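**Student:** Residue-level listing of the chains:
There are 2 protein chains.
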Amino acid sequence: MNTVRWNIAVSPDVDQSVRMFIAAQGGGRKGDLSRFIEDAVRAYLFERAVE
Amino acid sequence: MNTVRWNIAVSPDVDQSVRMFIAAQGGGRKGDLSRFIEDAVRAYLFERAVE
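So the sequences go chain by chain: A and B. First residue of the first sequence? That's 1 in my numbering, and the numbers climb one at a time after it. First residue of the second sequence? That's 101 in my numbering, and the numbers climb one at a time after it.
Don't take every hint at face value.
To be clear about the criterion: a stretch of chain B counts as covered by chain A if any three or more of its residues have a C-beta under 8 Å from a C-beta of chain A, and this derived list gives those stretches [as the list claims (entries may be wrong)]:
#1 107–119
#2 125–137
#3 140–149
Chain A stretches covered by chain B per the calculated footprint, using a threshold of three residues with CB under 8 Å from any CB of chain B [stated by the list, open to error]:
#4 1–7
#5 30–40
Rather than coming from a laboratory, the hints here were simulated on the basis of the structure. Beta carbons are placed, not taken as given, at the ideal position from N, Cα and C, and that holds for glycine.
Produce the entire structure from the sequences given, and follow the hints as far as they go.
**Tutor:** The structure is reproduced here in structure tokens:
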């Protein structure tokens, strides 16, 4: 019941692309960038889970 | 020419799944977890880029 603190370094090209995706889909979502990657990793881990 | 510092919080269930994927594919890779998500976001941003 406690969120974990993730620390990762990436190229500034990745951050700009992340904001670009939301800007095309809106620009004022509730969650933040942390949620965008969190849901992305969940879908990949599950897909490889089946096989 | 300077890596960016990413700060994101996720459920401890995501970290365990990340290490599980590499353990099944090996267990001693060069890069670290930061590279696993970096390449994941690059593939998604490009796919939506075409359309």
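**Student:** Against the structure, test the hints numbered earlier, and report the numbers of the ones violated in rising order.
**Tutor:** Violated hints: none at all, because every hint is consistent with the structure.
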